[PDB]
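Below sits a lone chain in structure tokens, taken as the form deposited in one PDB entry.
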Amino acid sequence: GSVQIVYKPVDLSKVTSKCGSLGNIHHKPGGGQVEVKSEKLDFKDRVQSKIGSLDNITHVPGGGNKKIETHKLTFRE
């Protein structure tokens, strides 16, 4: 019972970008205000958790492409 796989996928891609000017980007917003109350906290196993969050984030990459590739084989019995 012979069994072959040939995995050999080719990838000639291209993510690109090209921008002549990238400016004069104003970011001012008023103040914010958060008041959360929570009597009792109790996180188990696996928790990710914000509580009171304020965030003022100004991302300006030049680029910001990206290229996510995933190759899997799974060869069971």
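Numbering follows the first chain given and starts at 1. Superpose the two forms; the largest set of C-alphas matching within 1.5 Å is the rigid core. Compared with the form deposited in another entry:
- Relative to the superposed core, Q33 shifts its CA atom by less than 2 Å between the two forms.
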Given for the second form:
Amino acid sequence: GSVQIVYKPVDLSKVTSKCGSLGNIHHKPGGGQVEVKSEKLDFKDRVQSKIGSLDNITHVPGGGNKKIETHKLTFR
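Alternative state: the form deposited in another entry, after the form deposited in one PDB entry:
Chain only, nothing else included.
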């Protein structure tokens, strides 16, 4: 017999920010020391890797807001 699916998500959304000022922000790393020692690396599927980083990041977005959605229908 008949199968009917009706799928309708309805979305109204706001991810919002109001800021009067971003500033006078200081990031001043005092150096640093790193050592890493290995024999063999063997990365076989979808691997994300960092080895021995000394990474300094300053990230000052006026917004930096995120909205993430997934919508999925599966039929058998």
